[PDB]
Every structure is written in structure tokens, then in C-alpha cells.
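Below, each chain spelled out in residue letters.
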Amino acid sequence: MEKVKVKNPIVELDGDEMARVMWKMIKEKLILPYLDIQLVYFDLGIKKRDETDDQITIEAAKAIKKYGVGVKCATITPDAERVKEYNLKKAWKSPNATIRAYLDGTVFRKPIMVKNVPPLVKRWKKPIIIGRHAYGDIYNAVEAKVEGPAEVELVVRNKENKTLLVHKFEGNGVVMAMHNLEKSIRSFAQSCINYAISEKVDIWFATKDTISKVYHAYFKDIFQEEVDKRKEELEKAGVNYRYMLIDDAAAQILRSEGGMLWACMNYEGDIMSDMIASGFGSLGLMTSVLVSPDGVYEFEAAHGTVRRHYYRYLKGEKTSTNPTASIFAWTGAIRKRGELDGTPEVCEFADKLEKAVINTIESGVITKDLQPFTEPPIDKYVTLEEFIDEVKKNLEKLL
Amino acid sequence: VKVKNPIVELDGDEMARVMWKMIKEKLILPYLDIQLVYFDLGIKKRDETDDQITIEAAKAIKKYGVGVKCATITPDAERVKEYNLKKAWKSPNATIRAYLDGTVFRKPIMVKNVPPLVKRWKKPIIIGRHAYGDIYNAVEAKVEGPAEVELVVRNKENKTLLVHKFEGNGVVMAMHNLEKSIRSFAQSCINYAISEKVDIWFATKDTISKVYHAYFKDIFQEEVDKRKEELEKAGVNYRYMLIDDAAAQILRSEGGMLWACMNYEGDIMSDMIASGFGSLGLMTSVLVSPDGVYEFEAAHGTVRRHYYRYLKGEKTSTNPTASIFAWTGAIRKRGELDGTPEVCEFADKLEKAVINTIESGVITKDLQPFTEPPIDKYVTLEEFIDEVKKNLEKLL
Ligand code: NA
Ligand code: NA
Numbered sequence: 001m002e003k004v005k006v007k008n009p010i011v012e013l014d015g016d017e018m019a020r021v022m023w024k025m026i027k028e029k030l031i032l033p034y035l036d037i038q039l040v041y042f043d044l045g046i047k048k049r050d051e052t053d054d055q056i057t058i059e060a061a062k063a064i065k066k067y068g069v070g071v072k073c074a075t076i077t078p079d080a081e082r083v084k085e086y087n088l089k090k091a092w093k094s095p096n097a098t099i100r101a102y103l104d105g106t107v108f109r110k111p112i113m114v115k116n117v118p119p120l121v122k123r124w125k126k127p128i129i130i131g132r133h134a135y136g137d138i139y140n141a142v143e144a145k146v147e148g149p150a151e152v153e154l155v156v157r158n159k160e161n162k163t164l165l166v167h168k169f170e171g172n173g174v175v176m177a178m179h180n181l182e183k184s185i186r187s188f189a190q191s192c193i194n195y196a197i198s199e200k201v202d203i204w205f206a207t208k209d210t211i212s213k214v215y216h217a218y219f220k221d222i223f224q225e226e227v228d229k230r231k232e233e234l235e236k237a238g239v240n241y242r243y244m245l246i247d248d249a250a251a252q253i254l255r256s257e258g259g260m261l262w263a264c265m266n267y268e269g270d271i272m273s274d275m276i277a278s279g280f281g282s283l284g285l286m287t288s289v290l291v292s293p294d295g296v297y298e299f300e301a302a303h304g305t306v307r308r309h310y311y312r313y314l315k316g317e318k319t320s321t322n323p324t325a326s327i328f329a330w331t332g333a334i335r336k337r338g339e340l341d342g343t344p345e346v347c348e349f350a351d352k353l354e355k356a357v358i359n360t361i362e363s364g365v366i367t368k369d370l371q372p373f374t375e376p377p378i379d380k381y382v383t384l385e386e387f388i389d390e391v392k393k394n395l396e397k398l399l
Numbered sequence: 004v005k006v007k008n009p010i011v012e013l014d015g016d017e018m019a020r021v022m023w024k025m026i027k028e029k030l031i032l033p034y035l036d037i038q039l040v041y042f043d044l045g046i047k048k049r050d051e052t053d054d055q056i057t058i059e060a061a062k063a064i065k066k067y068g069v070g071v072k073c074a075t076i077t078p079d080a081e082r083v084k085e086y087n088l089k090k091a092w093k094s095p096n097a098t099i100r101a102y103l104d105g106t107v108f109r110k111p112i113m114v115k116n117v118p119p120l121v122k123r124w125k126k127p128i129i130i131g132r133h134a135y136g137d138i139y140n141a142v143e144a145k146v147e148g149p150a151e152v153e154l155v156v157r158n159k160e161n162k163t164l165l166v167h168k169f170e171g172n173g174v175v176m177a178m179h180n181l182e183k184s185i186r187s188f189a190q191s192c193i194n195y196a197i198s199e200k201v202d203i204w205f206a207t208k209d210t211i212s213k214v215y216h217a218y219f220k221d222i223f224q225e226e227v228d229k230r231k232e233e234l235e236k237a238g239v240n241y242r243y244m245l246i247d248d249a250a251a252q253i254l255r256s257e258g259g260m261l262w263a264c265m266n267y268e269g270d271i272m273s274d275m276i277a278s279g280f281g282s283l284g285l286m287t288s289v290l291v292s293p294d295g296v297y298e299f300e301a302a303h304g305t306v307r308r309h310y311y312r313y314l315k316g317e318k319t320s321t322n323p324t325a326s327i328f329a330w331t332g333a334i335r336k337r338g339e340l341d342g343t344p345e346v347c348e349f350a351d352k353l354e355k356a357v358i359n360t361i362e363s364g365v366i367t368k369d370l371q372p373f374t375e376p377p378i379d380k381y382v383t384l385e386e387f388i389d390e391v392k393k394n395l396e397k398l399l
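Chains A and B, in that order, are what the protein sequence lines are.
The first sequence begins at 1 in the UniProt record's numbering and counts up one residue at a time.
The second sequence begins at 4 in the UniProt record's numbering and counts up one residue at a time.
Please note that a few of the clues may not be correct.
[Claimed, not checked] Coverage of chain A stretches by chain B, computed from C-beta distances (three or more under 8 Å per stretch; other residues unrestricted):
1. 347-355
2. 365-379
[Stated by the list, open to error] With beta-carbon atoms standing in for the labels, derived distance ranges:
3. A:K126 with B:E81: 51 to 61 Å
4. A:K380 with B:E396: 53 to 63 Å
5. B:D379 with A:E233: 37 to 47 Å
6. B:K126 with A:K380: 30 to 40 Å
Think of the hints as simulated: they come from the structure by calculation, not from any bench.
We put the beta carbon where it would ideally sit given N, CA and C, even for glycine.
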């Protein structure tokens with residue numbers, strides 16, 4: 001059997017630790033034997049980024065924008081500990097933050113659902129996608145302890161100068177000031193609109209604009225503006241926009257059948273991506289995809305580098321690390337590249353490999369992370385390589 | 004059945020007030036020799052007194068230690084027109100809350116044939132909300148064009164922080180919170196947890212907010228340190244967490260803890276977690292103070308839409324369960340404070356009578372969508388209290 005021809009390149013970003021180990025196996029067992037595919041390769045392993053003073057990350061980001069579809073392996077974000085461990089020059093910045101900013105993108109988290117690994121919320125029959133506005137607010141704020149009897153003002157200073165009284169302290173406390181940006185919020189809404197049209201799902205956005213009548217209102221107003229500018233496009237895709245109050249939204253989410261994109265401001269999105277992921281089960285089944293306003297797509301698994309399985313691997317051991325999310329990053333990228341190039345055999349292949357993973361799990365062949373979520377409970381689990389071998393087997397059955 | 008000391012009783016509004024009277028005269032008073040220190044916080048009585056009976060009610064509670072409050076109307080423009088008021092008076096709940104320096108705790112009532120939407124949740128999750136400050140007392144502004152925005156602290160120490168240099172347009176916000184308020188919050192949480200014998204989970208994003216969220220983290224720990232002996236005695240563990248970790252863990256847990264939340268978080272999570280349990284009709288609510296005062300209330304409102312039907316001569320299926328458990332909560336707390344273990348035993352029996360009513364298939368309408376297996380029919384308000392009465396008589 002001939003390999004399926006992929007017309008245009010996919011940009012591939014290699015990563016770190018156990019993620020990197022899985023990545024190599026997926027390519028060799030599940031991807032390269034079946035596809036004649038051009039991969040524009042950037043090694044984003046910590047030592048390559050260290051060697052090039054992180055310039056390789058920017059080059060990677062440029063390539064993703066250029067070709068339009070990327071697929072990325074998880075990477076170490078160094079803290080002081082990693083600097084010591086890998087003898088780094090510097091605590092380089094998160095490759096993800098660098099790439100996301102370069103691409104003006106928003107990250108969308110969506111669970112893979114499998115019949116025999118049901119979510120922890122009974123109602124949830126369809127994936128809930130979390131899209132987080134990852135700019136500003138608390139994450140770029142400035143703060144101060146206020147001990148004394150004091151007055152605190154926010155000063156706006158140039159065309160129209162103004163002073164606002166934050167608080168007249170009599171006793172002690174703390175103060176915080178934050179900002180966000182029109183352009184940032186517009187890009188976020190635009191990326192949500194793109195993702196929802198692509199996925200054919202409704203958009204829920206929510207704030208507490210009844211309290212925050214300028215700041216939260218701003219996001220509400222911008223989001224609605226962007227939806228209005230895309231009224232027909234949204235309606236053609238069957239996408240409904242639902243603006244809610246944030247506490248109402250959270251209550252309704254938990255109550256729903258799932259199936260929507262929940263667009264969240266920065267802090268809420270940080271919390272809810274984790275909380276909703278938890279409601280679905282294992283992080284091993286969480287996919288992630290960056291989408292930008294200009295239609296650039298970058299697929300990744302939602303989890304990290306899985307360093308503690310990696311430390312076990314370094315001692316010679318097989319692990320039971322779940323490759324499922326990494327596989328679906330590959331198949332997501334492949335499908336997208338296929339849809340763009342107009343090459344339906346490419347989409348078909350991505351469908352078949354995805355189907356092979358799901359068939360593997362539903363047939364009772366799981367890695368260790370899925371075990372406490374199985375129904376009926378599954379007693380046995382296999383190593384990462386056994387799992388990939390079973391996926392390969394089930395792929396062959398469909399080809 | 005005696006009850007050594009009085010309880011402060013706060014009458015309310017609309018359908019809530021209607022259930023209130025019904026419950027006293029059918030389920031409480033026929034069984035207990037109590038001095039209720041009565042305050043009518045009905046909107047008409049509040050308007051006449053210029054909101055003073057509200058303040059009067061709160062000063063009585065602080066004195067007598069235990070209060071029980073009916074849902075009241077918080078007036079807006081529509082309500083001013085409806086009841087022909089003087090002003091849109093301030094929320095009684097918010098008025099009392101501040102005076103008593105209390106924090107509110109929400110706890111679902113669990114019932115076997117009305118299961119939560121979250122499978123793992125086997126024990127109630129209490130949400131305690133720090134209902135002062137942050138975005139609720141924030142100051143905000145739209146920013147156009149090139150501009151520099153700054154945070155300026157003035158007086159004992161003088162400080163200017165660049166918030167942002169704007170090239171395009173955007174928005175800014177500044178907020179505050181207070182040492183005292185956060186301490187009172189932590190104190191109330193510790194009181195509640197010791198009373199309920201549950202663990203305390205507190206969480207922030209102090210890995211990002213290294214001064215502001217850290218302040219809450221440090222103060223909460225300080226207050227736990229101050230009371231570690233009694234906490235250890237009651238079997239209460241304190242578990243500080245990162246906020247996003249906590250939320251993931253809560254959904255993953257079997258319930259059973261108090262989750263203390265900062266203002267915004269608590270606004271969201273109270274509703275979210277209530278939703279995970281089922282019907283708002285099975286939600287109890289208690290204000291605890293740092294000094295140990297308690298005020299028991301239903302979580303629900305006045306149910307105006309049921310009240311209007313009532314005035315039109317229709318029968319409703321309004322749920323009194325939350326109301327009754329506000330009464331029993333008050334009765335039990337007052338029983339244990341004097342040392343009268345018969346008052347407590349009645350509080351138990353009435354709660355257990357309600358639970359037996361529901362579990363036998365006798366429900367109000369609001370429960371129907373949640374019951375498992377589903378109940379084909381529902382009973383009215385009057386009929387539900389009558390069955391609760393039957394089932395209480397069976398236990399006495
Ligand atoms: Na998070
Ligand atoms: Na709320």
C-alpha cells in the first residue's frame with residue numbers, strides 16, 4: 001500500500017522529556033509509514049533553545065505562521081531548578097508564550113470523549129471547549145501593600161487627564177491595578193469566532209458587567225462587536241453566541257450536556273481550563289489548539305513534558321504514559337493541512353488514526369492514567385509502547 | 004421542649020414570608036416553648052422605619068447569638084414603583100452582614116433520590132465567600148490613545164507604579180482589600196469549620212499575584228496558626244492550595260470540606276457548586292461571625308412569581324425545605340449553646356422528617372427534574388408541609 005501524499009508542509013516542533021519520547025514513537029509507528037509528508041522541523045528541546053539563545057523558538061513561530069499549520073511537542077519552561085538541572089545560560093521564557101504572542105493566537109482546550117471512560121459530570125455528553133484570553137488583567141498587574149492611613153489613586157495622564165480615588169485607607173490592606181487592551185480583546189474574540197465556525201459549536205462568553213460596568217463591560221462590548229461583524233458567517237456555520245453573567249455561566253456549564261466553546265477572560269480561563277479538564281477525567285485525553293485571527297493553527301497536547309515518567313525512563317524503565325493527546329495533535333494538524341490543501345485522503349487518514357486510538361481504549365486497552373476513570377472498571381493497563389502497538393494494529397484494520 | 008435562651012426571628016417578603024408563617028404555625032410552634040425576638044423585615048415595615056428595623060434586627064442578633072431570617076426584597080426601581088417606597092433601600096442581607104462582620108456559608112442538603120450532577124460528590128461542599136472588596140469595590144476607566152496610567156499611594160509612604168503605557172486603547176482597573184476584613188473572613192471560616200467539623204480549603208493565585216493574593220494567603224495562615232490547638236482538637240485540617248488546582252480537585256473530590264473563596268471566586272463557585280448539587284431548593288445558608296454569632300437563612304429569594312399566583316388564588320408547589328432547615332439550623336445551634344440536648348434532638352427529627360418526605364416520593368415541583376428514579380407527580384406547598392408534619396409526628 002502506497003503512502004498518502006500530503007501536499008503542503010506541516011511545521012513540527014520537537015520538545016522535551018517524556019513528551020519527546022512519545023513524539024518520536026508516534027512519528028515512527030503511526031505517521032511516517034503512512035504519509036508522504038514534508039515536515040519543517042524545529043527542535044525546541046531545552047538544549048537547542050539554550051544553544052541558540054532561544055532564537056530557534058522565534059524561527060519556529062515564523063514557520064508556523066508561514067505554512068499555516070504547526071504541531072508542537074511539550075517543552076520545558078525553565079525555572080531556577082531547570083537552569084541548574086540542564087546547566088542553562090538563563091531561564092528562557094516559555095516557548096508557548098513566545099509562540100502564542102508571535103501568532104496573536106488563543107489556545108483552545110477540548111477533551112477526547114470515550115464511552116468507557118466517562119466524565120465525572122453525568123450530564124456532559126459532548127466536549128466543552130475552554131478558550132482563555134491569555135493576556136493582561138491580574139497577569140500584568142501592579143500591586144502594593146498599604147500599611148498606613150493612606151489614600152490610593154489611579155491616575156490617567158495625557159489627552160484627557162484624570163484621577164480616580166481607589167480607597168482611603170484607615171487601616172491596612174493591599175492595592176492592585178491592571179489593564180487590558182482593545183486589540184488583545186478583539187484578536188481573542190476573533191480567534192473564538194474562527195474556532196467556533198471551524199468546530200461548529202456555540203460560543204458562551206461571560207463577565208460580571210453588572211458589577212464591573214467599565215472594565216468587564218469593555219470585553220462584553222468588544223465581543224458583541226466582533227460577533228455582529230460576523231453575523232452571517234456565524235449563522236451559516238450554525239454558531240449561536242450567548243453572552244452571560246460569569247456566575248450564571250459557570251452554573252449552567254455544570255448543568256449542561258456540554259458541546260459549546262466557553263470563552264473566558266484570563267483568570268477565569270486559567271481556573272476553568274483546569275476545573276473543566278478535571279470534570280472530563282484524565283489530562284491524557286485533553287487536546288489543545290492555538291487559533292489566530294488570521295487562521296493559523298497549531299496543535300499540541302494539553303499536558304506537559306511528564307518529567308517524573310521521564311526520570312523513570314532514564315533509569316531504564318518502560319512507563320505507562322498516555323500518548324493519546326499527542327496522537328490527536330498530529331491528527332488535528334494532518335486533518336487541517338488536508339482541508340486546506342483540498343486533499344480528502346489526508347483528512348481520511350487523520351480520521352482513521354483517531355478512530356484507531358478510540359477503538360483501542362474502548363476495546364479495553366488503556367494506559368495507567370485512564371484506569372480510575374473506566375466504566376466498567378478495567379483491571380489491566382499497558383505500557384506506552386504496547387498502547388502505540390495496539391493503536392498501530394487497529395489503524396491497519398481500517399486502512 | 005424548652006430552649007433556655009431566645010432566638011431572633013426575622014420575617015420577610017412575598018412567597019418566602021408565606022412559607023415562613025406556614026412553617027412556624029404547622030411545624031415549629033406546636034412543638035416548642037420559645038421566645039422569638041421578633042423583627043418584621045418585610046419591605047413595607049422597612050420603608051416605614053426608613054430601614055431602621057433592619058439595623059434593630061442585627062443589634063438584637065449580636066446580643067442573643069442566634070438569628071433566623073426570611074428572604075427579603077432588595078428594592079430596585081421596579082420594586083420602588085410596586086410597593087410605593089421612599090428610596091431603593093439597601094439590601095437587608097448586606098446591612099446585617101456588615102454590622103455582624105460575618106461571612107456567609109452555603110451548604111447543600113443531600114437526599115438519596117435527588118442526586119448531585121457530579122457523581123463523586125457524596126458529602127456536602129460548603130462555599131464560604133469573602134464578600135468584601137476586590138472588583139466589587141473597584142474603580143475603572145477606558146483609556147484612549149497614547150496615555151500613561153499610574154497607581155499612586157499617598158501619605159505614610161509615597162509610591163508611583165506604572166500600570167501601563169498605552170499606545171492603542173484599552174481599560175484599567177484598580178481595587179483594594181483590607182487586613183481587618185480578610186482576618187474577619189478567616190476567623191469566620193475557622194469558626195464554621197470547627198462547628199461543622201470539616202476541613203478548610205483556601206486558595207489563591209499567589210504564584211502570580213505575589214503581593215495581593217499573597218496577602219490573603221499569609222493572613223489566612225496567620226489566623227490558622229493562632230487557633231491550631233482548637234483546630235487540631237476538632238479534627239479540622241487546613242489546606243492551602245493554588246486556585247486553579249483547588250477548583251480541579253473540588254470537582255474530583257467526594258466533597259466534605261469548606262472551600263473558602265475570595266470575593267469573585269466565591270460569587271462564581273457558590274453558584275457553580277450549588278448547580279453541581281442539584282436544586283437551589285436544597286441549599287441552606289448561614290452567616291457566621293468571628294466572635295461566633297450565627298444567622299440561619301434559605302439560599303433562595305422571595306419567589307415573587309409564585310407569590311403573585313398565590314394572590315391571584317392559585318396553588319403553588321413552592322419548596323419550604325430550605326426554610327425549614329434554616330429554622331432547624333437555628334434551633335440546633337441554640338440547643339447546643341445552652342447545653343440542652345432535647346432542643347437539638349427536635350432539630351434532628353424535623354430535618355429527618357423532611358428528608359423522609361422527599362425520599363418517599365412526595366416532592367415539590369422544583370425537585371422533579373432532579374429526582375432518581377424520576378417522580379411522575381408533584382405535591383403543592385401546603386401538601387408538602389402536611390406530609391412533613393405527618394412524618395415528624397411519626398418520629399415523636
Ligand atoms: Na490553570
Ligand atoms: Na453568584
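Structure-based check of each hint:
1. 347-355: With 0 residues close enough to chain B, the hint is violated.
2. 365-379: violated (count 0)
3. A:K126 with B:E81: 51 to 61 Å: For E81 of chain B against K126 of chain A, whose Cβ atoms are near 38 Å apart, the range 51 to 61 Å is violated.
4. A:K380 with B:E396: 53 to 63 Å: holds, 55 Å
5. B:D379 with A:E233: 37 to 47 Å: holds, 45 Å
6. B:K126 with A:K380: 30 to 40 Å: Check passed, 31 Å falls within 30 to 40 Å.
Checked against the numbered hints listed earlier, the structure breaks hints 1, 2, 3; every other hint is satisfied.
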